[PDB]
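Visitor: Take a look at the letters that make up each chain.
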Amino acid sequence: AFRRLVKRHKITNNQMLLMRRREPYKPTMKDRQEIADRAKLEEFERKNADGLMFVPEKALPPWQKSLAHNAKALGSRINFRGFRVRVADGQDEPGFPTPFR
Amino acid sequence: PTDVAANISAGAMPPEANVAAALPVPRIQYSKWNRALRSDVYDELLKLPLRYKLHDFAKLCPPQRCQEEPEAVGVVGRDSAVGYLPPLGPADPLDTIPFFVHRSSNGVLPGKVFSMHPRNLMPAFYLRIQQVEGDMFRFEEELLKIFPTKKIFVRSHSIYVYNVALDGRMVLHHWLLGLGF
Amino acid sequence: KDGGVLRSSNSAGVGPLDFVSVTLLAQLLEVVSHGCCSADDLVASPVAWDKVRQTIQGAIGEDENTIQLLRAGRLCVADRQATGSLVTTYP
Amino acid sequence: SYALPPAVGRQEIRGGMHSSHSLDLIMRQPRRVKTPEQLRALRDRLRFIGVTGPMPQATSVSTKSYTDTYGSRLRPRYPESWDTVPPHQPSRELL
Amino acid sequence: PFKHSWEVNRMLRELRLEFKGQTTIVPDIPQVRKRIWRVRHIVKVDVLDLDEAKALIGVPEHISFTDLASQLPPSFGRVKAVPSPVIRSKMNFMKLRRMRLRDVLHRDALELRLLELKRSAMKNXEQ
Amino acid sequence: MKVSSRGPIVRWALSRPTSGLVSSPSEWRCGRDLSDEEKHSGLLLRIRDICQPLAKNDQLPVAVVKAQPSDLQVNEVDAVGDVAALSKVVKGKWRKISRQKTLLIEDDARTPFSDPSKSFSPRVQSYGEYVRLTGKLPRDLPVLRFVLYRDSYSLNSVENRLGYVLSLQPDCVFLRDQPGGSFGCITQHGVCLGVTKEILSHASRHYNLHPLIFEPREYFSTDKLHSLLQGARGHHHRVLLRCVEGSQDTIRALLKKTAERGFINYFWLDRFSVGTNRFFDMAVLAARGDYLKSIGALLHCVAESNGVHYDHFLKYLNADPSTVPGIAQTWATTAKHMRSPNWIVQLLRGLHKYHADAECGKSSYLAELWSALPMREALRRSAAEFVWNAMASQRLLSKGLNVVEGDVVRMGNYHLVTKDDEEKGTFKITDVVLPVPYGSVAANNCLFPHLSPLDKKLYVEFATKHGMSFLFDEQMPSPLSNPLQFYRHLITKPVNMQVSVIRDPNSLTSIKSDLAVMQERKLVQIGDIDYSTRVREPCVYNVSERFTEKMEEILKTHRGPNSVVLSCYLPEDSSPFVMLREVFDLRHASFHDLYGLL
Amino acid sequence: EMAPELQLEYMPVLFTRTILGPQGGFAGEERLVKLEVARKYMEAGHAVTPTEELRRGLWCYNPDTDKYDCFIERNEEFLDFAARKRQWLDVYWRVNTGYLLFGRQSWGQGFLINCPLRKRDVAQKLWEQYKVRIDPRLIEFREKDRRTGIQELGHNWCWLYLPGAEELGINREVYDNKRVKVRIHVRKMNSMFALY
Amino acid sequence: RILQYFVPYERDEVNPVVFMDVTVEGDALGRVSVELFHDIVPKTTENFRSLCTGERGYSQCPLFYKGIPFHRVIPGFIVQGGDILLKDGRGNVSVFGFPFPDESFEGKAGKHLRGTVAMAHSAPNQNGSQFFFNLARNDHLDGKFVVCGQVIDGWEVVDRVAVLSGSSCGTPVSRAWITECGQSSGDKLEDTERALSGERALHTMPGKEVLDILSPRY
Amino acid sequence: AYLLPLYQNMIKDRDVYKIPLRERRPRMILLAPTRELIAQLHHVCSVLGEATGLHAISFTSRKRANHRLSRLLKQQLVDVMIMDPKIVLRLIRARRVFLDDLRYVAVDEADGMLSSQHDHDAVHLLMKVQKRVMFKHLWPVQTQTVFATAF
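Those protein sequence lines, which keep their order, are chains ET, Al, EN, At, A3, ED, BR, BQ and EB. Residue numbers for the first sequence follow the entry's author numbering, so the first one is 2 and each next one is one higher. Residue numbers for the second sequence follow the entry's author numbering, so the first one is 38 and each next one is one higher. Residue numbers for the third sequence follow the entry's author numbering, so the first one is 641 and each next one is one higher. Using the entry's author numbering, the letters of the fourth sequence correspond one by one to residues 53 to 64, 72 to 154. Residue numbers for the fifth sequence follow the entry's author numbering, so the first one is 74 and each next one is one higher. Using the entry's author numbering, the letters of the sixth sequence correspond one by one to residues 1 to 412, 431 to 616. Residue numbers for the seventh sequence follow the entry's author numbering, so the first one is 10 and each next one is one higher. Residue numbers for the eighth sequence follow the entry's author numbering, so the first one is 14 and each next one is one higher. Residue numbers for the ninth sequence follow the entry's author numbering, so the first one is 152 and each next one is one higher.
I should point out that these hints are in silico values taken from the structure, not numbers from a laboratory. Backbone N, C-alpha and C define an ideal beta-carbon position, used for all residues, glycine too. Mixed in with the good hints, there may be bad ones.
[What the hints assert, rightly or not] Quick list of simulated restraints, FRET-style, between CB atoms:
| no. | chain 1 | residue 1 | chain 2 | residue 2 | range |
| --- | --- | --- | --- | --- | --- |
| 1 | ED | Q125 | EB | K225 | 30 to 36 Å |
| 2 | At | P135 | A3 | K168 | 37 to 43 Å |
| 3 | At | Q148 | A3 | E189 | 28 to 34 Å |
| 4 | BR | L41 | EN | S651 | 32 to 38 Å |
| 5 | EN | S651 | BR | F90 | 50 to 56 Å |
Please put together the full structure from these sequences, using the hints given.
Guide: What follows is the structure, encoded as structure tokens:
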């Protein structure tokens, strides 16, 4: 009873008077809520089926890309391999071997 | 259309392609100030069936030759970094194009991408072309053949194409340049 | 201490010893027992290890490390005899 | 089976005529096509018209199909009345 | 059907029944058998074998039904149950777009053939 | 003018697998058979075919191989006799250079910044900077010896890894080839020049699903280099066949028969290639001088191996003449972005320049591009091995198994058999050895069995027919990494064969890897199967969910009631798949490693 | 012929004393029993490890002497008879152990049901939730329900007559070898499960 | 009897080649290869090649010929296939998103010879995805249907398909679908002409067998 | 109550399924808020673990804790780890342990561990073991989680 002015639909058949619910085939509120929850969980599991892939500095969210870039721009001036800057914010450890890893 | 991440997970590609699976290939982006022509989309346009013949990409691209010339002059076609060239015209001389597309003051093409209800910062965008002259409906039909699934309206002043982004504006500019405007 | 762990955290059953080291230890135990217990029989039967521990004369059997070594060798030879019925060897 | 009537394997207010009398008459009468030989001898002569693709014409060269004769966007004018209705909008008839 | 729960209403919707007094025709596949077993108390079902249907409808016996289904057009009213009325509307819009494109492509192919004939005639008149 | 290949461009992988099923063609979804590929590669006849022609029409029982990276384990032994085994793993040995950086942020919100008693808290922005630890390199011992454990990594991929992680030149590292393809758990030896243990431990890869581990053993001088660079004399093999047909007794009898009567020694398909274009095809194209078709076949093989290269090669083939240079540039840029091998990206840049610049678009420039490739010697060696396989098959078809006068036998040097050695000496088919043509050096030094019409005349005739005349005309050098042997036996017998057949309709049996048995704190033992340790009883937790989904189709197709574990020790270049081919119908579930060039 | 991974959870077990239940059997029966219940049986003393001598012959519990003095030789006819007796006892135990559930419509909150039940419906629900196939002729209602069948709402009980009693000799351990009492609870349910 | 099939044209090299695999009731017959006329029918050639290779994901249906059956096979006249939208022969969908019309009835694209493939259409100016292989010289189709190309090899495959799954009515008695489909590079036919000399040399020399068994690719 | 079946579930994995135990991959992880509760659980895990033969490692914050934590993981094999979620999260990020073959998680006083009083350290760990179940390239592990709460 959240909406207190019910919609009046055009009456094409006389049984539309006897019917109360607009979409009978549609599941009820709580049922469709838990259905959508289960569907979102299944989609998230399908997405996380493979291991957590690690992304480079450019393919990072804006609140981390510039920080990760400025933390290493000092070492980027001198071209030498084997230079890592252990920054705090970033992709957390999955805790298991990953094909992308 | 290859899923690099899925291929790496399944073991079909080397694990060094994670940067390719995450970030797209770096390419000079097409802009209103830097006409970075894309050979792939131009080839797709050439393969698509259209009534009007388009120029070759070799003529659309500005010439890139030796730069040993001591002093530069005012040739219509000269070396330019942003890839600016005057309109080449029609591909086949024995034809009549029903429409004519004027450029702007800065030589930019008419394609401008706006947003529906931009006060709410709505991601839904649309394209407006308000420099077409001649038979606007022939241009509209060519836009129909280009974008089959999009909604294209036409008026006396502007042609609107709904649900197309800069990714479609660049295709429109490519087709216009290939036609010769 | 380089490789292989004999002692177990439970200590009720020590870890199985390496096979090549078990063979070498069987040869050494034969040399100790003066041939009274052949290395072939020691690698064949598990109770041969208990017999060797009994015949060790106590010169080395008093060492807890040696006792643990013999127990690990006995467990390894027991596993070997148990799996021999399943594995098939072609010369 | 082919030769036997279709209403021989039926599992089943008696002594009267039901609404399906005209149908059970045909179900009780024997079948017409009694062999796959006759079945295929009728099938190979059976032909479609609206089938998408070419059709054999090596039978007679002088005959031309109505599609080839009057194009595809054109249909004969039909007598439109309460008794018989023709299909409308042949352009909308497709997909 | 609207008097019952949403699950039986979903099953009847799959069976293509919306109101009281509607009659539909369905195959004898296990899916339809399961649906009718679930809604067996709200609908009454009659069985017709293939020969009984060939007798009920004036179709000869030397004509199967696969050929009839392949011959009937796919443009029938409400051909496919799309997952959204937006999808339905854009499908109808794409159908109208395909009609318009058919017409304009006919016109443009005519123009192309005329242009090629003009080019060939001009080349021949030159040579 | 674009590069023109010859053959179908069959993509082996899907655009998005999203499941264990990785093979795109339905015929290969149930397990690809390599019978036609091996027939076109040159190996046709089998011991059962030569012994009894009535057995050729009979079909051997089917068996699935290369199901998971653990069903195939190879361990190389050196010329001295030491088997490559894992002892201890080493970390990266990093070292801190810069202290961590902290920023002071306000600790409370109710008090303003104006209060002098304002409290702050430090929060770290970066924990610090770290660099590799590079120990001192001795002058008297510059040569470093190590052991390498790779899981489903090609030698080219390992060399690229070493190159991009240590800036190592391709000539400073020496790594021998192992039979059986790169897929599986391969343990081998390796020798490097001017590399310290601490910096070599960085090239390892522990946290990946497919581990790549280096382990330095000891240092040596440059005089021991020729002794260390000798060819391996043995490879302990552990092979798990998934879906075999028949009973335990039948399988044991078949394996006993084949291990007692030996198996024909063949250069397996991993040497040349898998697919349409092959190494000897590219080699004969280069020898003819059609660099266009040579580069075409090379890009064809690369596109069959990889997916993105496949899409870009299709775009290149279907492009418009005025659009070819732009698409070539796009391909080169995408390769550089994807981190393709340096030779691949250089070849793509060269092709872009060839298609763009008119004065640079010449067959001479294409020849320069092809000469810039580092694997043409590998292509020529594969052509030589193809010729050897063809000649060995011809010998076995002509003279059968029994030794005849006029052949070469290894007496120890090599010797030509006579009637006296036939009757009294009685040299065996195992001792019968045929030479392989490796350049004019081998063509002049090796002793060729006359056995007319199976002489050097027939050798040169077959080489000229297949276009391999360069093998006998031009000299063929020997790579320092792989010693170029000139003599190879025909029939080979494993010294120790161990078989264990387990009934498993669902095929959930697995074998523990060397890294797994080491992480179990148990020392790695080579030479036999530790049935109590290595093989695992069939249960639901032995195989991964992706693996069981991938194997569902193969199982539904083959219906294999038994799975067989096999342990053997083969000589220098004998591969287990050539053994198992003569006794089973092998179906390879994984066949991407055999493509090569990556 | 079971899969190895499935058989890993089971173990071959020979039954000494006849036990009723989905994981039970008759005296002198070899069966693949789950680990937990098989260990429980072997700890209680009702089961033995299937050795070859035990497969030949077994000792069993005697109800009269309360001791394992009954030596039995496993033969084909003995196995058949004991399997049939186990089937009879399992049917009796299933029908005498728990409730039967019926759900129907009844307009209003009355005490009688809209549509009374019958032997066909009773046998249907028996086969449904008990997995027992019987013919409706064996179901005999009460004296008051002989007219219209089960009509009240709530709890009722019917008689089910089992013919095969004296042939197998069950009259000792069973309460009544002639018939059994099926307790049936009838309720109002939602539309989809009421169906009437 | 069996009649030898000859290539109807000169086997140009600039034109793309498409390969397809056909199976009938589980038995895969072989591989067919078709050279598409790119110089005369560019748009339709590109459409056919794209549908065969699977570059585009989906417009209304999977734009890929894998698993697509031959809905209409007339023995001796036509081996028609396609209809990726319905797999029945009722829909026509192209890569372009709309049925494209014919562009040129030229000499190389107008004559329907024996091993000549063409593009089937429901309307004269609506070329969908359905194609059909000719089986004989069809002189009454010249000027109606557009020719995409011609078959190079594997003609025995399509001939066996027509003789095993063909009825004079058009309905296939047995299902025959495509197994795999893609784009192949151009291969020459002159290498197969040396088979006569190879068989002659085989009949000549009995001592060397692998020489005549193995044939070089190039 | 939650230690009897979990220990039994580890015996069935060690005897029936014969799951191998590796170095840095434990089986069950216990979470306790306070130090003294860790020593309380470790004492019960010592009596129970002495019979079944399963080893339990419990570590509290001591002087030079980084060196001692590295030794306990290198010297002896452990399958029952009794530590705080903060320390466990510190080892996973330091690559000292792994979530592989982790079959059981038992959270004690989950009413306080999951709340913001302990800064959701128990929550951040449960989200890493839940994504472990979603991982399919490794062997299927159904990590059941048991929460012991007084409120």
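Visitor: Now tell me if each hint is right for this structure.
Guide: Consistency of the hints with the structure:
In this structure, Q125 (chain ED) and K225 (chain EB) meet the distance hint of 30 to 36 Å, their C-beta atoms being roughly 32 Å apart. For the pair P135 (chain At) and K168 (chain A3), the supplied restraint of 37 to 43 Å is violated, since their beta-carbon distance comes to about 25 Å. The beta-carbon spacing between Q148 (chain At) and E189 (chain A3), approximately 32 Å, falls within the hinted interval of 28 to 34 Å. Separated by about 36 Å at the C-beta atoms, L41 (chain BR) and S651 (chain EN) satisfy the suggested range of 32 to 38 Å.
Checking the proposed 50 to 56 Å range against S651 (chain EN) and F90 (chain BR) shows it holds: the Cβ atoms sit about 54 Å from each other.
Checked against the numbered hints listed earlier, the structure breaks hint 2 alone; every other hint is satisfied.
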